[PDB]
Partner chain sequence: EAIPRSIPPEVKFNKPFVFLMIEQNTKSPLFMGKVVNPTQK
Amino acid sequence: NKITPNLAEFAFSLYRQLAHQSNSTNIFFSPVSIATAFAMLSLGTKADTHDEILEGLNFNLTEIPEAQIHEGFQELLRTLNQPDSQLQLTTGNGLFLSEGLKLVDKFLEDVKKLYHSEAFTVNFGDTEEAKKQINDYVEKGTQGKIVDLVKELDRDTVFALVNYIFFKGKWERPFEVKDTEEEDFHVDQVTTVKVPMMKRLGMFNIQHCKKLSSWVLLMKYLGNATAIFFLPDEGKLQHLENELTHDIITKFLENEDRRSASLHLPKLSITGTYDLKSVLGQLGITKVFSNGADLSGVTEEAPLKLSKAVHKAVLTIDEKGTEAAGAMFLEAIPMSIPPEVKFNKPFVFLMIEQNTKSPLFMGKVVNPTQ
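Output the structure for the chain only; the required form is deposited without its partner chain.
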């Protein structure tokens, strides 16, 4: 995909933002779902308001034609929306607009048609009821996994955006549940907590990488996606985070070589919840959230700004991701000592969609039971 490098840069800019704020919180978000929602929104915007959004998603508008940006997203979307999908991704974006705004039909068509997204009209005159309808939409869309997403609305809200994603992947080569046991997780150099720890002896795409001073593990999911886990050497987490680049990730993805390892990887259930006005504001996207907003592609008559924009991402990592029996296979394990590679201290990860190479998720686990 032509927009993948931009999405990768966007992932890292957003990640580094969130990490710079604190190294004591788990991080999990979807560069793809956030960028898709904001590229979609830009269709309703003009001039500086429009350009700030696309530049804040790491597109250099002097270099990449807008049609290519949207064709990029639309290609990515139809990949993630395949009827077959074993990925089982649950994602949506909801726009909630004041009833009695005269809405531009082209915008509503672009949202639904091009971006296969949803737009609703609500009575923002009733703040509590609007919040309920927004939260109900998300709860319904996730058949119950995300509850009470929006906690507050400004009394002057006339436009809110909610973007949700939940993923529980199925490993192509799964862990056996019988092997999951409680183990130490080193939350710092002197402190441990107990966490459920999966383990398997297998042939892995795994390597210890000098440039990143980290172990780098790639594991495939059923459907079209790969999880990449980066385990920094003692004291090297900040180094790892600084050194990550699109080129480097591309190299790992091209490596198919496999070697024996006794892998220990925690079960995880992690969420990330982000105020996108706040977070994207630090990346330069500010006008669309301000009284200045040029949202004339959405409504021509009345003033409009985006008052509320929230992202919530939910990840489960477990042994199989399904109760179904998987395809039986056999990996040939050499008679030699496998390295023991334990994801039992803070680590960073990315999930990549295989067709486009896009960064579906990025995160950091500082403590599995936080």
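In this text, the rigid core denotes the largest set of C-alpha atoms whose superposition between the two forms falls within 1.5 Å. Shifts are known only where both forms have a C-alpha. Residue numbers count along the first chain shown, from 1. What changes on going to the form solved in complex with its partner chain:
Superposing the two forms on their core leaves just one of 205, 286, 213, 142 with a Cα displacement of at least 2 Å between these two forms, namely 142. Relative to the superposed rigid core, the position of the CA of residue 58 differs between these two forms by less than 2 Å. Remark: with the core as the superposition reference, the CA shift of residue 100 between these two forms reaches 2 Å or more. Positional change of residue 186 between these two forms stays under 2 Å at the C-alpha, relative to the superposed core. Under a 2 Å criterion for C-alpha shift, the consecutive stretches of 3+ residues that differ between these two forms after core superposition lie at 83-114, 116-169, 188-191, 321-330.
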Second form
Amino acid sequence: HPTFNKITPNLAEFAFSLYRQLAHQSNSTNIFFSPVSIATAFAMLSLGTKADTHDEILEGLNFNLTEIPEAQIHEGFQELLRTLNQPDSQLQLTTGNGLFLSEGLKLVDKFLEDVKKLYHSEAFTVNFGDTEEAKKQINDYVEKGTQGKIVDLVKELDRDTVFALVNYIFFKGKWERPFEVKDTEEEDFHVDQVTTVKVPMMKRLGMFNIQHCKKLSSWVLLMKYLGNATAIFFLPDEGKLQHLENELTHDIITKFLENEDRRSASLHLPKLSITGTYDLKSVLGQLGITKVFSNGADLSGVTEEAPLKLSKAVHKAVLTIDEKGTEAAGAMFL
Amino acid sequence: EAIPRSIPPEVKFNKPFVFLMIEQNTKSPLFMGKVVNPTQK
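Other form of same protein, the form solved in complex with its partner chain, not the form deposited without its partner chain:
Okay, now the whole complex, with that chain kicking things off.
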């Protein structure tokens, strides 16, 4: 009956597709992004595009345009946002879309109602002339949106900006099965074959929806938060990381979420605090989204005042995992 | 009553691993990552 489960496998395959690209750049750097954030943003941008610049975007997010009518896409997206925004009671989960237009700017009326309806976007007017001011205005949106986790989204801001599309997502949950602070103990982490870092290692012996998947050659542990969120951890077997990264699929994830069989194990999961700052312009090109960051870009659906294009695609995500839960936040700036 | 009990397997996440947050209702991937070095931040 629900519409979103019509695009979820698309976002999920988009997530892995984008993941792989990011992993190919450097193999010694922590990765962390928000599939959803990056996708809903380009989703609501295509609304204001046309032709090959429009099609690349939609097809880049993994939508076989022939099989699924663009109309359903935006519709399933409008729904997906709905649900995500009405979180359980023990779990807070917010996301928001914001539009920053220049004062003179006359928009193509349609565009506005479409995003203001299909993406529950907010609408604002700024004087980009005053960079510092306009810059600061936009960072408070993401700062308040993510509750202070992401604060310096935009650093530089082109004097000639016509408009800016912003997105954010905040997540805070608690583990059903918490960790005892007393146990957290410093242990070794074998980063490299020659590099070893000491990391505070959380511990807890007990029932866990853990399990060794021979197909993946990984240990697959699922952890529930109090609410509508589960966390899947993949511990690749010695020398098989790459094999794990290449074998992930949207339907392989579903399997694990369906199963629930518990089992006793002495787990040691380190507590982290990592982040991800990216300029997705190049990585998006590897996935076919290029015409938009080009001089052939058609942003006509946005305004007739002038031919536009995108200069950047900045994404930043922050993650915190401790002995009581997980709070991550992400933000997309277009 | 004291009966024999198994030795729980130990699982240490002390090496590069990948993970992801999923929203149960939609089953959509909220966040995804790969921890290679937790002290890099």
